[PDB]
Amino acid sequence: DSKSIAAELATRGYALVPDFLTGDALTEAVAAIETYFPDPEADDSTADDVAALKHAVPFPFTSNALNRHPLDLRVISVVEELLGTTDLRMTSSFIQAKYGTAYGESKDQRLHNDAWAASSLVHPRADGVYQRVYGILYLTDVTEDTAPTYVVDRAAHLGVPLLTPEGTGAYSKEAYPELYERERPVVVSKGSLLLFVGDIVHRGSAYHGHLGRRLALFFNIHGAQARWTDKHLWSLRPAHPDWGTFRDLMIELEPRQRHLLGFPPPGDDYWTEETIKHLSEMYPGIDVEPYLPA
């Protein structure tokens, strides 16, 4: 219910959606993220192998059991309801592993907001089409011992500025002790999705357990009206080994989903006989009907 979830986001800054993935969709997403981040308790990897891998990896991924979820139409509908626009873009997406203390020290982030674009070009607004929506799709069970996300509330609800005197969107413990007294962990079963507005005060946390790792898919979405904000940048060409997965994603996605990647919408001046032709060449089997010029 986009109206219900948007109301939770508006009033408390976050909403936890249980069982966002279930059944085969969940098992497939778990298997896909496990191809990147192993588990020495369950496979033949070691702490040395784990330390040699990067623990955060950007979209697009090697499986559409990960690539499709930031573009899920249930998520898009929530964001459209909250922002009041359909002209949305995926700002970023990455997968992440946080390993237990047997694999090295794990440290907490400071409480912060994510209301800002990366360039800080202009100050954020927390209303209307200027809001940002973040998702964390948990692919392992998350307890207080396994690096839960911590949340407080929307910055304005706490009276704290989006730009602090230190010149960032982060809140030090010495300047903002009351925020740390109010923070709470989000505990969640695998397949749950945490949604939050970017102006919420929140943080990642250290993994306190010795063994295991938390696995999650991250993404965030903005309205194109916030035109100083970048959509997710990646580099790929048809020659690349990862192209086939991305090509297959583009064929699978519906027009409403492709829109978040900056795809030219139906009726856009981009579409001509030649660009329809090259679209079918690059994505064989894609449905060109919504884009055909009159």
Contents of the next structure:
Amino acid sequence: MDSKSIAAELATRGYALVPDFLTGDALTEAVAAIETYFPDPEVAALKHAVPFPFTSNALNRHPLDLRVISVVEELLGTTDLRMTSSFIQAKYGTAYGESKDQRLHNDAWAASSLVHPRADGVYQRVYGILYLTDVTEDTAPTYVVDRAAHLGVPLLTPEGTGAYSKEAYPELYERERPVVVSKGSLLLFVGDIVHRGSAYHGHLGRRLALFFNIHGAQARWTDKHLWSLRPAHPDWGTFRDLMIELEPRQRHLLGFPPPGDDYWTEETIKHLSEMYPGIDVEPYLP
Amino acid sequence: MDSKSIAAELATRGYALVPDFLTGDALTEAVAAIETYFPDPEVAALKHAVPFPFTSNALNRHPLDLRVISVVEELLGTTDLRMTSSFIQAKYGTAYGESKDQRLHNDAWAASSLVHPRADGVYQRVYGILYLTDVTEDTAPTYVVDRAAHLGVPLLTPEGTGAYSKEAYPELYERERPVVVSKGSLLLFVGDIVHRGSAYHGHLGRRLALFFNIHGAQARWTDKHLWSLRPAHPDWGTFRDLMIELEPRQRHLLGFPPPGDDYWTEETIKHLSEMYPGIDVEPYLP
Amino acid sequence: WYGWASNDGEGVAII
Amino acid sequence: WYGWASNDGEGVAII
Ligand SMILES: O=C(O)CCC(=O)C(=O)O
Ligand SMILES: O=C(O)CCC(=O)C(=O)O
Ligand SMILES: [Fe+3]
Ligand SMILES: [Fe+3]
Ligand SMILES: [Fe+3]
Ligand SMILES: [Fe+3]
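Switch from the form deposited without the partner chain to the form deposited with the partner chain bound and print that structure.
Then the entire complex follows, led off by the chain already shown.
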């Protein structure tokens, strides 16, 4: 991955497809991990997205991949980043119920809509979809158009959302194009791109994907990803091991206090070692 | 309310009860508002807490009351505050099913437990419970002990939580005391206080309360309150009106960009006026 | 809908 | 339990 090249494509076209983002054992392990949640149906509750953190670090580590961080840093012009959201989801074929197309929309907004988005600099949002099955035109491909400003459409429509009806925005639907991709490919896109998910045309099978999005902390009304966990929880061990494996630049996206932060004292270094035995505290020592 | 006096009681004892925080029409309107959600049962789904924002600003405005902000600013030593959570809840009597006591616990932790809490300065958390019914010993009073450090108990127990079992911490249960309060009273407490909810002993009726908690933005791994809303939503009008009514110091707790923030430009001032017609933009003009 | 938090007008939503 | 988000070991939890 060439961070500057990918960030330039995001800026100009709104999206970039990275083939072979995962290969080898990393791909095999990620596929196995997501299949623990969404097994080969060969289901109602299994249509729901499952939020981070997952039961396997073969999924948890990917939204924080150093290559992804590098792209986002180049596009936004800041290193002060946060993971906004991450989840896994399966989209099932027609044998498992009616599958519908989403409306074209942007994802430029924070969840609360507290203030209107900006599509420039540190206010941009970057989305990723890591496909863990081969995606064809009959397995619910993502559709993309272009950045909203390039298309001359507003981020807030007259209907009061970031979605574009077919009756009001016909040209968007004529220009949309599907993204087909091999398993292990990563689609990156900016939140202000006009895009949608699509219906899974095929009868059997399901599309498997890991989703995430990242924002700059300067957009302070935006929430980072919310989850609840305590050391007593059965899933804590996996998360604890994730924190030990991550480098400081990656933990930063979870809101971890950075080197030099006032949080760090002899007592909090001690408590960090207690909660995450084996963690490297040297970057944080006062 | 005397902010410095209340903050001193919070620092020394861990809690302070403010009688008559709401009086007059403000109290009557808040009671009516919460009763739209939890009517006089004279219910299963009605036992669930409902999160902010509410359908009435007679509830939404209270976690942001200037008097509450002043207390928290004095205790934490910073004005860079965020609302962590707010919700309303009813606790029903025994006629509506078995009511149980919570274990004593602290609420010193962020939801993700990402790093261990600090109970000093800007890392303190402040909780409020605004009681909207009269609370007696038979209507599920809050129980309090004292700050964890004062009691010599850890914020992380050997069980891996912030809760204190009766078998491991018997002295805490012998020292706990109920808080009785008239309707319109506000209980404030620090997150590191050992406390619990209790069973509603009475057969009929329910306790009504509005809950909120606030933290300092320096504790950057902590999440501010998460909600989803867009201008198309039926509840947007109420929230829009709330934003117009609030002063800058209050909007700050929602993550609103402060005066002088790089977010503010001619274009974003325009978009702010469009989304919140009538809002005073003068504090934010570049 | 098909998420884990808030509501999309049907059930819990992606956030 | 008795909340709106995540899980307390029974159903959705207060957060
Ligand atoms: O599932 C998809 O292909 C697209 C979903 C979408 O709109 C997004 O990831 O923001
Ligand atoms: O409901 C209550 O009285 C107390 C609940 C509690 O533990 C809290 O508000 O943190
Ligand atoms: Fe452009
Ligand atoms: Fe989208
Ligand atoms: Fe003390
Ligand atoms: Fe509590």
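Between two forms, the rigid core is the largest collection of C-alphas that superpose within 1.5 Å. Residue numbers count along the first chain shown, from 1. Residues that one form lacks are left out of the comparison.
**Study point:** Rigid-core-referenced C-alpha movement of 2 Å or more between these two forms, selected from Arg256, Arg247, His55, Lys231
**Key:** C-alpha shift of at least 2 Å: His55.
Practice item. Return the sequence-ordered list of stretches, each of 3 or more consecutive shared residues, in which all C-alpha shifts are 2 angstroms or more between these two forms following rigid core superposition. Key: 51 to 55 is the only stretch that shifts between these two forms.
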